[PDB]
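One protein chain omitted, others in place.
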Amino acid sequence: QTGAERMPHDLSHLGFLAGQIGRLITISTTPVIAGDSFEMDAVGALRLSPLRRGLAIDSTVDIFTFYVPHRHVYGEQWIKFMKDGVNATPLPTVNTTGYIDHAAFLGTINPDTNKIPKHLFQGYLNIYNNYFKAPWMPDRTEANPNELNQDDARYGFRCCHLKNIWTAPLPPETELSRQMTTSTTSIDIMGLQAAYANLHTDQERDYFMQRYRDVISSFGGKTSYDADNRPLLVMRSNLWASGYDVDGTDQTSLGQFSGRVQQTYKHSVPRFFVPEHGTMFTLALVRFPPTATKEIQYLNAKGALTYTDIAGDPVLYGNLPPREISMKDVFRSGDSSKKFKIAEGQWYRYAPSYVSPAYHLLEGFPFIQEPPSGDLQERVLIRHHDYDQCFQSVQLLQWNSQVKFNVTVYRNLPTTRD
Amino acid sequence: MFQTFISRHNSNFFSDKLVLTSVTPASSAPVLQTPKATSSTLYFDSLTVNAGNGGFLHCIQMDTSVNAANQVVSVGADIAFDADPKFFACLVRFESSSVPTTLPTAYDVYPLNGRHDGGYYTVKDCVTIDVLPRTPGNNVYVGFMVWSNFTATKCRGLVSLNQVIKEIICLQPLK
Amino acid sequence: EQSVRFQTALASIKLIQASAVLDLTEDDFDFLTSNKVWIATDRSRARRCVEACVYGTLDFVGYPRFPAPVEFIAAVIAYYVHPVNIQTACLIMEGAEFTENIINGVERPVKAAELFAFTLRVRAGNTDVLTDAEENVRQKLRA
Amino acid sequence: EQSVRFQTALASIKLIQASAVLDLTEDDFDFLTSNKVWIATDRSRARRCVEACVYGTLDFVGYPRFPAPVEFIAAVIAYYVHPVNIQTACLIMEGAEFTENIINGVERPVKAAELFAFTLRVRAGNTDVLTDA
Amino acid sequence: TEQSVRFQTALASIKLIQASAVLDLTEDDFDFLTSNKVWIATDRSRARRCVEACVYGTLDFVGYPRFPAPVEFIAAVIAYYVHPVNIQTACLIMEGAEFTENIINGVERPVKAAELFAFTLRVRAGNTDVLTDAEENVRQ
Amino acid sequence: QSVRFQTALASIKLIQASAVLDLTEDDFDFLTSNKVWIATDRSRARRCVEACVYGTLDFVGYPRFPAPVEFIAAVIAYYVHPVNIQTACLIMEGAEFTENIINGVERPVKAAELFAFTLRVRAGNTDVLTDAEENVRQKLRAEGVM
Partner (left out) sequence: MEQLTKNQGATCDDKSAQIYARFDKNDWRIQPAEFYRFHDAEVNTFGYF
């Protein structure tokens, strides 16, 4: 009856939410049962608290949705759970620091008991670790929300900036040299070969595969290994939120202006079959693109320009391992001690974003004002703070959003008879 | 003419009678009465100021629950001393990890735009103080403080403070 | 817990006194320490100097900078910076974490208000030297 | 005293110093305890040494050596290493193959800022008047 | 202040401890336990014996068999009977020990040295008040 | 109209109503006494603990069945002296065959478990019971006890 004989249930619901810039917050979670089709249509408005000065830059607003099967979370506790049936032991909960606000990142008001089922928490983690966070950053392993930061939990946890020379460098581990073990006076010609082979495999494998699923595919085989626990991406949409200004009219102002932002957005997910019981997270993330008051083009701040820098001589750029640059090679007042590997030639593949110096030292301007410091993580993850400068009330945090979630899911639960 | 609907300070609808009867001006200025939450109006018809060199003050405890570091604090007061002590007044901001009784060691002072006349003093002005605590364990307090090299005398009057963390409404008939 | 903070703050002043190197130029030094005021346009040289005192030897010799805790930066400021202008010197150093947080694995970046009230405290109980009590510094100047 | 956390480390040191000697050569102990500035080439020698003391302080008490306590690396860097190098000494220990900073499971290699935060705290209120002939 | 679940149980154990007067320590062990003297190598054996008795208490006085105890009960014990000079060894003595959670949920997750130390310390401080080291149980 | 385990236990302690459970004024003393339990009393330990367990159940309609670990813990937490909590948990561990209770249902009680729950109940953490009763409830509903 494989069962097409299901009825549609109306799980649609308005949700007045709000959150913080630079941090991934969940917007709504609808628990799905197995064999459901779940279909969503989200419409609403995105705003930024009243800015200090007129509108200057806009922000990209990505809204996601993922499918996280309970199985990835209570592994084999869940398999017994379902086989066992009415007799299974009730499934773990996870604890939360006792404030009303603090399960915020999961889209629920922390229940009075300071408990939240594991799936809701482990999902978010299982997500952040797979889709945001640079592949090089360490997996976030946390048991219960008791282990979070007021910042990290009452708002969502911080994501990466937008991709760009100093925010998306090559993985810090990327080799700059492979040594072979040669004997004094002789190389083993046949050994060299094997040595390159081992590179080539490593190389691709590090960038071009990662998952078990990938290895096998390389042999031209297939396997449904779930245990990598990678949640599904279902939909994902992206807007650039802008608009308005509010010209002032009394004597003191006139030339003064605010910057009301309103972009309305629809974010839809089409009929998705739901393989097995599980929770469906949506999530939203707002980021202002980075733009520094102090970023300079490499070629203008590296110093004496040599042949491998301006030639663009593909041969070299072709056969030359990454180069270490330093924040000082890219920012005025950047820290030379702190370096990052960059593929040779990125200068010719990317261009800055110059913010004339008349702004640096002005207040309202969601720029970046001063090159981050700290290891490449603390440099790549957004600091939700340097935006408080361009707002007048962070009461409703940095972004409001009145939203209305149209969600119909066709499951077969019986009727209100019995 | 149209009625003004804006004011520098809004008092609490409920005023408290100072229970104490004598303060002794000091460097560790005493706190006239235990601090209340966000707003309170304190009135005393006979407070005997002993001789001393320092000041006494009146507290309100910053309700640090709304995410906003800088908030407006108000103070409105009318105090009359039997004698002219030649004192200066000011709003103070000191934090403490415990119910204060005396102005601690580290405190800050901000000018108010009141008017002095001999033994008198009236004011209604507001000032923006950073209400979140500068040091982790504390609670931050703001109060009105008079300070001088006191000679025994008495004073009458009221002194009310409020922390603008929310607005109050009032009938604007033309709406 | 403030006593521990204070304790660790003073303890760092002892370390600072064992300067092995300072990179500053006679002038940068007349800039870190003078009564002369720092206008907004100086905030960067300010940071170069304060930083030059926080990571000094590490730099001179070639080891990489690693993050210093707040209790240390407070010493550096209380000891080298003039009182007129500790505010900007703190405004420009906001961010670092207190040892406790580092230890506890909690992220607590520190904003201006904190660094200033803390350093101000340190300055008051740090008769360890004013700087005044050591002309020696000018020995370890630069080069 | 919040130093409730370091007392054993300090305890072992006292005993060690007075009662015995640790595996370090004569100029090595100089290296560790002296005013000499540690230049860049002195790394291996820096590890070689600070390691030495830590294993030592550890044996005496009765702790094993692989899970090596972050609090002992603190005491040693705190006591033997001259103040001119209490900073650089921390760096040289970052991610030493013996310690594990464990935070909720997460056995993460020790970052050099927590070593310095630990040492800058042991030193907070204790006797460290150490040079020795 | 907060102090939730794990800590709340740490407190609760301290209360059981005050009341469970009963131990299997001979006067001098109680000294050894509480001594401000450090513990060295050769001493270990008594250290085990003493700390252990301080945990399985009433079960040792009357000989019934043992019981693996939860990481919170173990820290209460160490917070209550061990000199701060010696909290650290008190723990390597009591390593694999699951927190109540894991015991309840079925997730065996043994705790090690550093972890119990962190916890004991946290327990130590929340009990500063209830810590009263009043030796009104110095018997048998 | 629904009185729950946990409230039953505190109620019965409040007004020491041994009568409600099936303890004699004397039994109640063993349970709640400041006396170390010796292995000669062991049997009366269980006798009484079980008596509190299956008693309150009967008091709150749960037709019998076995008792869930978490229920035994509550008993061992409200009715036993801090001197024996250890030995009490030791006395309930494992399936000693019973009175007339359902066979094919006896699943050995782990010991530590018993103590982990008693500490939590002894600490302000009532949810272990609450959650635990519902599971019980639902089992009993599919079974037709409602």
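Here are some notes:
As written, the chains take the letters A, B, C, D, E and F, and residue 1 is the first residue of each chain.
Heads up, the rule we're going with is that contacts are C-beta pairs under 8 Å (C-beta built on N, C-alpha and C of every residue); 3 or more make two chains touch, one makes a residue touch a chain.
Checked against the hidden chain, the listed residues A:99, A:131 or A:350 yield one contact partner: A:131. Between the chain not shown and the residues A:187, A:192 or A:233, the one that touches is A:233.
Chain A meets the missing chain through residues 2-8, 35, 37, 62, 64, 131-135, 159-160, 163, 168, 232-236, 238, 270-273, 285, 410.
Everything that follows uses one rule, which is that only the chains that are shown with their structure count from here on.
In whole angstrom, the spacing between the mean C-alpha positions of chain A and chain D is 39.
Rounded to a whole number, the gap between the C-alpha centres of chain D and chain F is 53 angstrom.
The residues of chain E that reach two or more other chains are 5, listed in rising order.
Taken residue by residue, chain B touches two or more other chains at no position, since every residue touches fewer.
For chain A in complex with chain C, the touching residues are 149, 151-152, 333, 335, 337-338, 361, 373-374, 383, 385. Chain E meets chain F in the complex at residues 5, 8-9, 11-13, 15-16, 19-22, 56-59, 61-65, 67-70, 72-73, 100, 103-104.
Those residues of chain B that touch chain C in the shared complex are 106, 130, 132, 134-137.
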